[PDB]
Structure formats: structure tokens, C-alpha cells
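**Q** The chain contents come next:
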Amino acid sequence: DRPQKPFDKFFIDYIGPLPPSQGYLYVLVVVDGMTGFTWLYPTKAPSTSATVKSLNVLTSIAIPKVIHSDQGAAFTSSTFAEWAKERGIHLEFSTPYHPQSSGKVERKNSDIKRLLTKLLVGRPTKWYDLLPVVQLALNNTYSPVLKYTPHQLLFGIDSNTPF
Amino acid sequence: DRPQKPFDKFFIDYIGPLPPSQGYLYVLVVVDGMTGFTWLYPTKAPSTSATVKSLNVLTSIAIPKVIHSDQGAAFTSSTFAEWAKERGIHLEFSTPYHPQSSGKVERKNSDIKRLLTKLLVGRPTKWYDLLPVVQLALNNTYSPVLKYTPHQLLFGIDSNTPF
Amino acid sequence: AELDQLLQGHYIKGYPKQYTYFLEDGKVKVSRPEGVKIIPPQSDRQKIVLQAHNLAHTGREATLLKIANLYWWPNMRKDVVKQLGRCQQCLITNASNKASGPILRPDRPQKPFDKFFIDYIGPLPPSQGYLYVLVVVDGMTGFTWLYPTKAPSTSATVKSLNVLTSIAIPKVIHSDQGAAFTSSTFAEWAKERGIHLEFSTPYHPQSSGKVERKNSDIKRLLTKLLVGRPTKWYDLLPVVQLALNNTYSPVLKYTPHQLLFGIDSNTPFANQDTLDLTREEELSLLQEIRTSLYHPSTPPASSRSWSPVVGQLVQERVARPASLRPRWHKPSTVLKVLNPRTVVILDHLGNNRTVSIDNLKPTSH
Amino acid sequence: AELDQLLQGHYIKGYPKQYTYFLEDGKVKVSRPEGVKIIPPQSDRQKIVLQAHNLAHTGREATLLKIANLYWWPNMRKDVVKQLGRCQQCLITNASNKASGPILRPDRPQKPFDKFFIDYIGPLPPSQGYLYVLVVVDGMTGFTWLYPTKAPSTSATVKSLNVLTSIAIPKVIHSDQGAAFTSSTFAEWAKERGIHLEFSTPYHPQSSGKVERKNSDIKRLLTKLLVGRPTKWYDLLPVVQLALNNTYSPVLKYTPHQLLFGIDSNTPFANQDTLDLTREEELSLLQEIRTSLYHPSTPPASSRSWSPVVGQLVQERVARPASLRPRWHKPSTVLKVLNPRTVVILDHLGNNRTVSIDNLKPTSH
DNA sequence: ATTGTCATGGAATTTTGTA
DNA sequence: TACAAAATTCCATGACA
DNA sequence: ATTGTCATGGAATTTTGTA
DNA sequence: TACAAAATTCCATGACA
Ligand SMILES: COc1cc2c(cc1Cc1cccc(Cl)c1F)c(=O)c(C(=O)O)cn2[C@H](CO)C(C)C
Ligand SMILES: COc1cc2c(cc1Cc1cccc(Cl)c1F)c(=O)c(C(=O)O)cn2[C@H](CO)C(C)C
Ligand SMILES: [Mn+2]
Ligand SMILES: [Mn+2]
Ligand SMILES: [Mn+2]
Ligand SMILES: [Mn+2]
Ligand SMILES: [Mn+2]
Ligand SMILES: [Mn+2]
Ligand SMILES: [N+]
Ligand SMILES: [N+]
Ligand SMILES: [Zn+2]
Ligand SMILES: [Zn+2]
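For the record, the sequence lines run as chains A, B, C and D. For the first sequence, this note's numbering assigns the number 5 to the initial residue and increments by one for each residue that follows. For the second sequence, this note's numbering assigns the number 5 to the initial residue and increments by one for each residue that follows. For the third sequence, this note's numbering assigns the number 250 to the initial residue and increments by one for each residue that follows. For the fourth sequence, this note's numbering assigns the number 250 to the initial residue and increments by one for each residue that follows.
Read the hints as simulated data drawn from the structure, not as lab findings. By construction, the Cβ of each residue, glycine as well, lies at the ideal position given by its N, Cα and C atoms. Please note: incorrect hints may appear among the correct ones.
Stated by the list, open to error - Each computed BS3-like pair below joins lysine-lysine, with the alpha-carbon atoms no more than 30 Å apart: (1) 468/D to 360/D; (2) 266/C to 502/D; (3) 69/A to 331/D; (4) 262/D to 347/C; (5) 468/D to 57/A; (6) 408/C to 117/B; (7) 130/B to 117/B; (8) 278/C to 502/D; (9) 69/A to 502/C; (10) 502/C to 360/D; (11) 48/A to 399/D; (12) 296/C to 89/A; (13) 468/C to 399/C; (14) 331/D to 262/D; (15) 420/C to 151/B; (16) 468/C to 266/D; (17) 286/C to 502/D; (18) 122/A to 262/D; (19) 89/B to 108/B; (20) 481/D to 89/A; (21) 69/A to 286/C; (22) 502/C to 399/C; (23) 286/D to 89/B; (24) 151/A to 69/A; (25) 360/D to 408/D; (26) 360/C to 151/B; (27) 468/C to 481/C; (28) 57/B to 151/B; (29) 48/A to 151/A; (30) 286/C to 347/C.
As the list claims (entries may be wrong) - Covered by chain C, per the in silico footprint, the following chain D stretches (three or more residues, Cβ under 8 Å): (31) 330-343; (32) 465-472; (33) 497-510; (34) 586-599.
Construct the complete structure from the given sequences, taking the supplied hints into account.
**A** Structure, rendered in C-alpha cells:
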């Protein structure tokens with residue numbers, strides 16, 4: 005087969021509910037399957053609507069060939085289904101209860117979770133403002149393979165904020 | 005001496021009072037001594053002031069070397085005197101009661117008078133509007149000498165309204 | 250249909266043999282130096298080209314580069330150019346890249362009063378209740394009359410010109426097409442006196458260039474005379490008028506006043522050369538001087554000028570274009586080429602418009 | 250005093266003998282080919298020159314021609330030019346006739362995120378309560394982010410950039426000196442993140458040229474997409490952003506997106522050339538492609554350009570000049586020549602200003 | 001029918017006063 | 001049949017909203 | 001410190017498919 | 001070792017208020 009490349013697959017999931025910051029309760033998480041680059045979008049609901057608005061933002065940058073996700077009501081809906089056919093994105097669903105991703109993605113999707121709780125306790129209703137910092141942080145972390153940052157794999161260059 | 009040229013002398017006088025046209029009562033008459041070109045200015049009084057305003061108009065075109073006039077109160081005043089010294093115009097006054105001009109100028113200054121009465125009777129309170137026509141008429145009349153129109157002597161060319 | 254023979258290995262006019270034309274996924278493909286591309290059937294190509302172009306309404310090269318990614322066929326560009334010719338949107342929004350040909354330098358009017366150029370300046374800061382100056386420039390001599398007005402209006406124009414034409418009546422009055430001069434009242438006033446009104450092409454001050462260039466001087470002098478003082482222009486106009494009429498053009502070596510009168514008035518530094526000639530000898534010298542003045546030739550054409558050809562497709566600039574709206578009208582046809590810089594067009598639609606090249610683009614493709 | 254010897258027939262350095270210098274009206278006169286002129290004493294000449302010049306504040310030739318009518322003396326022009334140098338009014342009103350030297354073509358930023366160019370477009374017709382678009386162009390790649398805002402304000406800029414820099418943080422942000430970006434709040438925001446703010450010279454969009462040129466495309470596409478429809482731009486921005494980021498520059502042969510990512514996304518007509526290389530081999534090809542891009546050279550100088558020399562007398566253009574007021578500030582001194590197109594001046598007075606040639610004239614005389 | 005114009009001040013050229 | 005320098009002519013540049 | 005840029009479509013040039 | 005024509009590169013023009 006062809007070697008794996010960025011934009012081939014976007015893994016997406018919801019995190020929440022969280023304590024309200026700026027009237028926001030959930031985080032939609034988009035990780036690129038090949039590079040491990042992460043996008044974070046604050047939403048008010050784990051709904052198709054909140055997803056679509058969020059992903060409209062992301063898809064002004066790049067459009068993936070595939071979005072993979074769990075069978076959450078928000079992703080299985082026909083409105084989301086139509087949205088994806090419009091943009092020419094194939095939809096891929098993990099079987100219920102057996103929610104599998106790439107090895108690298110589990111490992112990534114895990115830090116995000118750790119990192120959220122970490123700077124969520126003692127800073128609870130302030131997390132909306134720190135998303136940018138959280139995001140930058142993840143994307144510039146050295147995955148022990150391939151000794152590159154998501155930032156480096158995506159852009160083919162160093163960052164002006166290293167970690 | 006040097007041959008006589010336009011702007012060497014401007015003969016000026018007042019005509020009036022006339023029946024009111026547009027609240028105007030008098031005509032100030034400026035004739036160039038060499039060419040016989042005529043300017044007509046409607047005024048509300050035979051006063052220094054009304055003169056000065058009128059002649060300010062004329063002197064944005066050309067300034068004469070000399071103005072000749074009768075000893076009317078309006079011309080002998082010191083305000084007029086100063087006005088003329090400002091613009092570097094010499095003032096020349098005809099002795100009282102013996103009011104002499106150039107041969108050509110008497111002959112001209114006479115038509116003006118005829119022509120006014122002519123298109124003043126039956127058209128009495130309307131003469132303000134006809135001044136332009138009267139003026140054009142005079143300036144394009146053939147003086148039997150030198151078989152040229154004032155217009156032709158001043159501009160060195162025909163008119164687009166001949167008579 | 251026409252694609253079976255090719256896989257068969259038989260030659261098709263326009264499909265270079267030597268490249269192997271195989272088959273995959275039920276589409277015809279060719280292996281080319283650039284890579285392996287899909288060859289779509291004739292009946293699909295227009296749809297393709299349009300799809301690519303419509304992404305950002307890109308021109309020839311930019312569109313082709315997209316298409317080239319996936320497809321190949323004979324004379325791709327030919328097809329691209331066909332679309333760009335029929336894209337309503339691009340035609341009326343895209344700017345020109347072809348410039349107007351060389352300007353013309355209309356012959357200077359023979360005698361004074363042949364032609365007057367007129368225009369209004371303003372609004373200016375309220376002086377004495379006045380806001381505008383009517384400027385009247387004699388075409389031949391350059392002599393200028395100034396009149397202060399409260400509005401750039403026919404009323405005011407007529408009032409002012411009734412004073413001016415107590416001196417002489419002009420053959421022609423040239424103006425721009427501002428409401429003041431395009432009004433019927435003005436035409437009538439002009440007809441009463443046997444004056445031809447002549448108008449500049451719409452939205453083109455170059456045509457009023459003689460009067461416009463004079464506005465610059467008028468403004469520049471008022472400005473200098475007003476440094477440090479409050480802007481009280483009303484009382485200055487006479488001074489300015491006089492000043493400028495007695496200013497030499499370094500090129501002509503004459504003042505407008507000299508060209509009008511053949512002899513200076515009683516002004517500062519008044520030239521005395523003709524002091525010895527009789528008025529007559531003076532008047533012919535002037536007649537001679539008037540005909541032998543400098544006359545500017547028309548400049549060379551720039552590399553990429555265009556010129557109007559009867560029956561050409563041509564587009565007029567939108568006058569006062571709204572925000573985010575197309576800067577050009579739909580296409581029109583050249584009906585008559587009046588001079589190489591002015592044309593008549595069948596516009597929107599269909600009315601006859603006399604129009605300048607500078608307000609036109611040649612419809613590309 | 251110095252005029253007695255001349256009538257005596259003794260030679261004076263600068264007064265060409267062979268011309269008879271007689272006497273009339275108690276003034277010294279000379280008979281010259283041009284005619285008979287008066288020679289005024291030294292102590293009168295400056296007064297004369299000034300008088301002539303002050304008639305309409307005429308330049309060298311025009312002034313001299315007046316004077317020449319009545320007077321002659323050695324090196325008349327030398328004296329004229331002296332006056333024109335000291336006429337406050339003319340110096341600050343007269344335009345230039347010397348053009349700026351050739352522009353510069355600043356090296357393209359090495360890597361993306363080195364430098365962002367930013368500017369606001371608008372106001373636009375109210376769509377969804379928004380009036381302005383914040384435009385952010387990556388210097389290297391040309392990649393552009395668009396954000397709709399209700400005001401061209403620091404608040405909005407900060408909000409928008411907090412989203413953008415969730416992707417990456419730039420070394421430098423280039424902007425014009427509009428209130429939005431010159432505010433202290435912005436500097437502080439930028440300092441918090443280790444971003445250098447770099448500003449264009451005052452009133453000079455060429456410096457923001459990268460972002461400005463992009464505004465044109467943004468507007469032109471919105472325009473085409475809005476033909477016939479009401480101006481509902483808000484919902485189009487994403488489409489426009491995406492469209493333009495994936496448009497080839499016929500010169501570079503790449504889309505901004507390609508230059509940022511080294512591989513197309515899932516968009517129409519997505520290039521597949523690198524499909525066979527591992528991401529790594531792909532990433533170095535891009536690194537190579539980025540360094541070997543076209544780079545425009547600076548154009549030849551026009552016949553009559555001027556260039557800034559330390560200690561030159563120089564005048565800055567009045568920013569928002571009032572009606573009838575001088576279009577130039579009083580003279581200033583060049584303190585440092587930063588590049589041949591940017592200088593520091595001791596202005597009005599005396600403050601240090603970094604300024605563009607295009608907003609400067611060399612004080613004549 | 002309708003159409004660019006011309007003051008300005010350095011530079012390039014021509015003329016001038018003296019051999 | 002000639003020189004340096006003054007005097008003149010050339011002419012790109014920009015502004016008439 | 002700070003600095004012009006680049007899509008566009010005819011024209012001019014270079015390459016291509018066939019001898 | 002050469003041709004006509006397609007394909008590519010050149011590049012002035014204009015617009016970012
Ligand atoms: C190009 O912008 C201009 C538009 C002008 C004017 C001038 C200019 C700039 C310019 C001025 C003077 C001469 C030239 Cl040669 C020239 F290029 C007028 O002077 C004018 C009038 O009514 O007098 C009317 N317009 C209107 C604008 O609404 C239209 C003709 C666009
Ligand atoms: C010349 O008139 C302009 C003034 C502009 C802009 C543009 C132009 C025209 C132009 C536009 C874009 C690029 C180029 Cl190179 C160019 F020449 C802006 O774009 C802008 C901003 O705030 O972005 C602010 N200004 C202000 C005006 O009040 C000042 C800088 C005069
Ligand atoms: Mn879930
Ligand atoms: Mn009397
Ligand atoms: Mn007008
Ligand atoms: Mn005008
Ligand atoms: Mn701006
Ligand atoms: Mn801008
Ligand atoms: N003509
Ligand atoms: N640079
Ligand atoms: Zn289009
Ligand atoms: Zn001055």
C-alpha cells in the first residue's frame with residue numbers, strides 16, 4: 005500500500021462534561037492519524053450541530069480523506085453523515101464498546117486527558133483560555149517515535165515555541 | 005512720442021440716475037482711449053465705493069496706466085485717490101465745466117448715451133439684463149476710422165458676433 | 250466511444266502514440282513524463298474544466314495546473330480558454346492587463362474665443378458664504394476668468410457667464426458632464442447665443458485637461474497666499490486671476506494676457522518690447538506669434554497597449570461601483586471608432602454611448 | 250557705489266565690455282541684443298527678485314522672464330534661485346519633480362511562521378452584524394487566515410489571533426500603524442508570547458504589500474461569488490479562505506497550502522505526485538522546494554530618481570492635509586539612511602521619525 | 001459628437017565673451 | 001578655430017477628485 | 001527599527017512529436 | 001538535423017483606500 009500521510013485520517017472524539025468555562029462544557033478533539041497533530045474545539049454540547057460548527061473551522065485549513073470516530077449519537081446522525089458526503093469525506097466507525105484507533109493515537113489521546121485534568125484542578129472555570137497553550141504544548145511534544153514533534157511532521161520545520 | 009496703445013488711458017464717467025432695474029440706478033462707463041473698447045458697470049450710487057467695487061472687477065483683467073475723468077465727487081475723493089496709488093494708476097482730471105476727452109471717445113461716449121435711451125424707452129425697468137447686449141453691440145461697431153471694431157483693435161481678431 | 254480505438258492501439262488525430270494508453274478502474278489512463286493521468290471522454294471535459302475553474306475563478310495557467318493534477322487530454326488549454334471566455338463573473342470582475350494607446354494632443358484652438366473650457370472647483374471652506382469657484386479658461390490663450398459661487402449650479406453658471414460674455418462670445422464651450430452643464434436650461438441659454446456645447450466623455454477629466462490643469466494652479470496659489478492665515482479665499486480670487494493671467498509659461502515664453510492682448514497692461518514688470526511699433530504692427534506680430542506656438546506631439550505607445558476596432562467586444566467601467574460589486578459592466582460592441590481614443594458603444598442595453606478608451610477594457614478571449 | 254566705475258568705462262569683473270553702459274533718468278542702463286535694460290545696484294536686487302517672484306510665486310524660469318523685462322545684471326538666475334530657496338511658502342506647497350529610487354524586494358521569509366503580515370479590510374456591508382475581516386498572511390508560504398470582526402480593534406485582533414496561534418506562534422508580526430496594532434494592549438499581548446512587532450513606515454501600504462495584495466484577491470473572489478446575490482459575505486469567508494489557500498501561483502507553481510504542508514489535503518483536484526514517497530522523503534523535497542522559489546529582482550531606476558544622503562534637507566508629506574493647505578511639512582534633516590528606501594528624520598520638531606522615501610521630497614535649492 | 005495639460009528644477013545642450 | 005561657464009532648452013514628474 | 005506584491009492573458013520563447 | 005504547433009515562460013498592467 006501507499007505510505008501513511010497527514011490528512012489521510014482525522015480521529016475525533018468528545019471530552020466532557022467539564023466545569024463551565026465561558027459557558028462552554030465540552031471539548032471536541034481532532035487528532036491527525038499520521039502526525040499526531042491535535043486540534044481542540046470548545047463546544048456547548050456533544051451534538052451534531054456543535055461538531056459541524058467546529059469542524060467547519062478546521063476544514064478551512066485542511067480536509068481529511070477520512071474521519072474515524074466512536075458511535076456517539078453526535079457522529080452517527082444523518083445530518084453529520086450528509087455534511088461529510090458534501091465535503092467528500094469518508095466516515096469510519098469503530099464497533100461499539102471496542103473503540104480502536106492507531107497505536108500512536110491512543111498514546112496521544114491519553115496525554116490530552118492527563119493534561120486536561122492536570123491544569124483543570126485549581127484552575128477549573130478558566131480552562132477555555134488555556135486551550136491554546138494546551139494545544140501548542142501537545143503539538144510540540146516529542147513522541148519517542150519518531151523523535152519528531154507533531155508540529156515538525158506536519159510543517160517540516162522547527163517551532164518558535166519548543167518544549 | 006510713443007504711438008498710442010490700449011491700456012494707456014481709461015476714460016470713466018457716470019450715467020444716471022435711471023429708472024430702477026434690479027435695484028440698480030447708475031451706469032459707470034469705462035472706455036479705452038486707444039481702441040474705444042467699452043465696459044459698463046451697473047451701480048446703486050455714483051459714489052467712490054460703487055466705483056471702486058466696479059473697477060476692482062475691471063482691473064482683474066487689465067490695469068490702465070491712466071484713468072481720466074470729470075471732477076465728480078466720486079472721483080476726486082481721497083479714498084479713490086489712494087485706491088489708484090495702490091494699483092499704480094495715475095489720475096488725470098479734466099478742468100471743471102470744460103470736460104475734454106479724445107475725439108474718438110466723445111464720439112463713442114455719445115453712442116452709448118443714444119443707445120441707452122433707445123433701448124430704455126418701452127423696456128425701462130429691464131435694462132440691467134440688456135447691458136451685456138449693449139456692451140457687445142458697441143464693441144463690435146465699425147468706427148469709420150480706422151475701419152476696425154474696438155473688439156478687433158483690442159484682440160487682433162474678428163468676433164463671433166459681428167454687426 | 251472514441252476511446253475504444255485508442256486502447257486498441259489504433260492512432261487518433263491528436264493523441265501522441267509512443268505513450269502506452271492502458272485501462273484501470275474503468276477509466277482510460279496514460280503514462281506520461283509528468284506522471285500517470287486519467288483521460289476523460291469528450292462529453293465530460295467541459296464539466297471538468299468548469300469545476301476546476303469554479304474553485305476560485307482562476308485564470309488560464311492557474312486553472313490548468315489544477316486540472317493537470319488528475320487529467321490529460323489534447324490541447325487542454327484550448328478548452329480552458331473557452332470556459333474563461335464564457336464565465337460571466339470573471340469577465341465583469343477581473344481587471345485589465347492591456348493599457349490604453351497613446352493619448353492625443355488636440356490642436357490648440359486657432360484664435361481666442363474659439364473655445365472656452367469650464368469647470369467648478371470645490372467645495373471649499375465657506376468664505377463670505379461662497380463655496381465654489383467657476384473657472385473659465387480660454388483654449389487658445391489660456392486666459393482665465395474666476396467666479397465665486399454658492400453652488401455648482403446652472404443658475405450660478407448662467408449668471409457668471411452673462412458677465413463674462415459681455416466681453417465676447419465664444420464659438421464653443423467645453424465642459425464635463427456634471428449636472429450644472431448637462432441641464433436643459435444651460436443648452437437653451439447657449440442656443441440663444443449661438444454657442445455650441447461640447448462635452449467630455451463620461452468620467453474622464455483628461456478631456457477637460459486645459460481647465461483642470463488650471464484648477465491646480467488656482468488652488469496652489471490660493472494655498473501659498475493662505476499659509477498661516479485663515480482660509481479667506483473670496484477676497485483673493487481677483488488677485489489670483491490677475492496673477493495667473495500675467496504669468497509666463499516657460500515653454501511658450503508668454504503670459505495668457507500677452508496672448509490675448511498682444512501688449513501688457515499696467516502690471517508689475519510689464520514687457521516693453523513692442524513699445525515702438527504702432528498698434529497695427531503690434532497686432533500682426535501677435536497674429537504671427539499665436540500660430541507659431543509650441544505644440545506637443547503624442548507620446549510613444551507602451552509595449553502592451555490596445556486599440557479599438559469596429560465590432561470588437563468591449564466593457565465599460567462601472568461608474569460608482571458599490572462595495573463588493575463588479576468593477577465592469579457586461580460586454581458591449583464598438584459601433585464607431587470616432588478617433589483612436591474615443592468610441593461609440595452599444596451598451597446596457599442597447600443605447601449609444603460616446604466613451605473613452607480609458608473607461609474601457611477589451612473583453613479577453 | 251560700484252556703478253560709477255562702469256559709466257567711466259573701467260572694467261568690472263562680470264560686466265561684459267563691448268556693451269555701452271550709459272545713463273538715463275538717474276538709473277544706469279545697458280543696451281543689449283534683447284533690448285535696453287536697467288541695471289540696478291546690488292543693494293536693490295534681492296528686493297527686485299522677491300517682488301517679481303511674489304507676483305504668483307513662480308519658479309526659476311517664470312520669475313526670471315518677468316525680471317528680464319525691465320532689468321539686467323550678472324548671473325540673474327543665481328540670485329533668483331537664492332530666493333526660491335528661502336520662500337517658505339513655495340517650499341511647502343510646490344510638488345516634487347524627482348521620483349523615489351527603485352523599490353526593494355525584501356527577501357522572502359525562510360520558513361513559515363517566521364513572519365505574519367496582518368491588516369483589516371473594511372468596512373463592508375453589514376453581514377450577520379460583522380463589518381471587517383482580519384487578514385493574516387504567512388510571509389513564507391502565502392497561507393492566509395480570515396477572521397470576521399465588528400470593529401478594526403485590538404480586542405478583535407487579540408481574540409482572533411488567540412485562535413490562530415493555537416496552531417503555531419510566529420517570530421514576527423508585521424502590521425501597518427493603524428490604531429488597532431499600535432495600541433499598548435497589543436504590544437503587551439505580543440510580548441507575553443515572544444513575538445516581535447514590526448511596523449510599516451507611516452502612510453505606506455507597499456510595506457504591508459504581501460497582506461495588501463492578498464486583500465485584493467479576497468475581495469475579488471467574494472465579489473464574483475456575490476454577483477446577482479445580496480452581499481452576504483460572512484458565510485463565504487471559510488470558502489474563500491480555503492479556495493485561495495489552494496490556488497496555484499503560476500510563477501511559483503504551488504499553492505500556499507502546498508508550501509505550508511508539502512502535500513495537498515482532500516480537496517478537488519488534489520496533486521498526487523508525492524503519493525509514493527514516505528512522509529520523510531516528502532518533507533525534504535518540500536524543504537528543498539521552499540528555498541528554490543522565484544525571487545523578483547529590484548527594477549531599474551527611472552531617469553530622474555533621487556536617493557537619500559545623510560544630512561540632506563528633506564520634506565515629509567502632510568498626512569491628512571486640510572483644504573487649501575500645504576501638502577508638505579517644513580524641512581527636516583536625514584539622520585540615518587536605514588536602507589536606500591527608508592530614513593530617519595529630525596522632523597517637526599525635533600522628533601525622530603522612521604519614514605519612507607515615497608513620503609519625502611528633497612528640498613530643492 | 002470627440003480628444004490631456006503644463007509649472008518645475010536638475011541635466012543636457014547651446015551660446016557667449018574672450019582668445 | 002577653441003575654451004569654461006553662463007544661459008537656455010530639455011524633459012520626467014506630478015496634480016487638476 | 002525597515003523594505004511592495006502577484007493573478008492575468010497576450011506575446012515571445014522553448015519544447016514536442018514526427019521526419 | 002529541421003519543421004509547425006502546442007506548451008511554457010515571460011512580463012506589463014493594475015489593485016490591494
Ligand atoms: C481621476 O479622478 C478625478 C475625478 C474627477 C476630477 C479629477 C480627477 C483627478 C483628475 C483631476 C483633474 C484632471 C485630471 Cl486630468 C485628473 F485625472 C475632476 O476634476 C472632476 C470635475 O468635476 O471637474 C470630476 N471628477 C469625477 C470624480 O467624481 C470623475 C470625472 C471621475
Ligand atoms: C495609496 O492609498 C492607500 C491607502 C491605504 C491603503 C491602501 C491604499 C492603496 C494601496 C492599497 C494596498 C496596497 C497598496 Cl501597495 C496601495 F497603494 C490600505 O490598505 C490601508 C490599510 O489600513 O490597510 C490604509 N491606507 C491609508 C489610507 O488612509 C494610508 C496608508 C494612505
Ligand atoms: Mn466519545
Ligand atoms: Mn460725470
Ligand atoms: Mn466638474
Ligand atoms: Mn475639475
Ligand atoms: Mn490597515
Ligand atoms: Mn489594507
Ligand atoms: N484636433
Ligand atoms: N531583506
Ligand atoms: Zn470565473
Ligand atoms: Zn514663493
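**Q** Look at each hint and say if it fits the structure.
**A** We went through each hint and held it up to the structure:
Straight-line distance between C-alpha atoms of residue 468/D and residue 360/D comes to about 27 Å, which keeps the hinted pair within the 30 Å bound. The hinted pair formed by residue 266/C and residue 502/D meets the criterion: a straight-line CA distance of about 28 Å does not exceed 30 Å. Only pairs whose Cα atoms come within 30 Å are accepted, and residue 69/A paired with residue 331/D is rejected, the gap being roughly 76 Å. A C-alpha spacing of about 60 Å is found between residue 262/D and residue 347/C, which places the hinted pair above 30 Å, so the restraint is violated.
This hinted pair checks out: residue 468/D and residue 57/A have alpha carbons roughly 24 Å apart, not beyond 30 Å. A C-alpha spacing of about 25 Å is found between residue 408/C and residue 117/B, which places the hinted pair at or below 30 Å, so the restraint holds. Of the supplied pair hints, the one linking residue 130/B and residue 117/B holds, its CA atoms being roughly 17 Å apart against a limit of 30 Å. A hinted pair counts as satisfied when its Cα atoms are at most 30 Å apart, and residue 278/C with residue 502/D qualifies at roughly 24 Å.
The straight-line distance between the Cα atoms of residue 69/A and residue 502/C is roughly 77 Å, outside the 30 Å bound, and the hint therefore fails. Of the supplied pair hints, the one linking residue 502/C and residue 360/D is violated, its CA atoms being roughly 61 Å apart against a limit of 30 Å. A C-alpha spacing of about 23 Å is found between residue 48/A and residue 399/D, which places the hinted pair at or below 30 Å, so the restraint holds. As the CA atoms of residue 296/C and residue 89/A are separated by approximately 20 Å, the hinted pair is consistent with the 30 Å bound.
At most 30 Å may separate the alpha-carbon atoms for a hinted pair to count; residue 468/C and residue 399/C meet this at roughly 17 Å. Taking the CA atoms of residue 331/D and residue 262/D, the gap is about 21 Å. The hint holds against a cut of 30 Å. The hinted pair formed by residue 420/C and residue 151/B meets the criterion: a straight-line CA distance of about 24 Å does not exceed 30 Å. About 46 Å separates the Cα atoms of residue 468/C and residue 266/D, which puts this hinted pair outside 30 Å; it is violated.
Distance restraint check for residue 286/C and residue 502/D: the Cα-Cα separation of roughly 18 Å lies within the 30 Å cut-off, and the hinted pair is therefore satisfied. For the hint pairing residue 122/A with residue 262/D, the CA-to-CA distance comes to about 96 Å; that exceeds 30 Å, so the pair is violated. For the hint pairing residue 89/B with residue 108/B, the CA-to-CA distance comes to about 27 Å; that is within 30 Å, so the pair holds. A hinted pair counts as satisfied when its Cα atoms are at most 30 Å apart, and residue 481/D with residue 89/A qualifies at roughly 25 Å.
At most 30 Å may separate the alpha-carbon atoms for a hinted pair to count; residue 69/A and residue 286/C meet this at roughly 20 Å. This hinted pair does not check out: residue 502/C and residue 399/C have alpha carbons roughly 36 Å apart, beyond 30 Å. Of the supplied pair hints, the one linking residue 286/D and residue 89/B holds, its CA atoms being roughly 25 Å apart against a limit of 30 Å. A hinted pair counts as satisfied when its Cα atoms are at most 30 Å apart, and residue 151/A with residue 69/A qualifies at roughly 26 Å.
Proposed proximity of residue 360/D and residue 408/D is supported: the alpha carbons are some 25 Å apart, at most 30 Å. Distance restraint check for residue 360/C and residue 151/B: the Cα-Cα separation of roughly 21 Å lies within the 30 Å cut-off, and the hinted pair is therefore satisfied. At most 30 Å may separate the alpha-carbon atoms for a hinted pair to count; residue 468/C and residue 481/C meet this at roughly 13 Å. The straight-line distance between the Cα atoms of residue 57/B and residue 151/B is roughly 34 Å, outside the 30 Å bound, and the hint therefore fails.
With a CA separation close to 36 Å, the supplied pair residue 48/A and residue 151/A exceeds the 30 Å bound. This hinted pair does not check out: residue 286/C and residue 347/C have alpha carbons roughly 36 Å apart, beyond 30 Å. Coverage of the region 330-343 of chain D by chain C holds [criterion: at least 3 residues with CB-CB distance below 8 Å; count 6]. Chain C is given as covering the region 465-472 of chain D, and this holds because 5 residues of the stretch bring a CB closer than 8 Å to a CB of that chain, at least three being needed.
For the region 497-510 of chain D, the assignment as covered by chain C holds, since 4 residues bring a beta-carbon within under 8 Å of that chain's beta-carbons and 3 suffice. Closer than 8 Å: that is the beta-carbon criterion, and the region 586-599 of chain D has 0 residues meeting it against chain C, so the requirement of 3 is violated.
The earlier numbered hints that this structure contradicts are 3, 4, 9, 10, 16, 18, 22, 28, 29, 30, 34.
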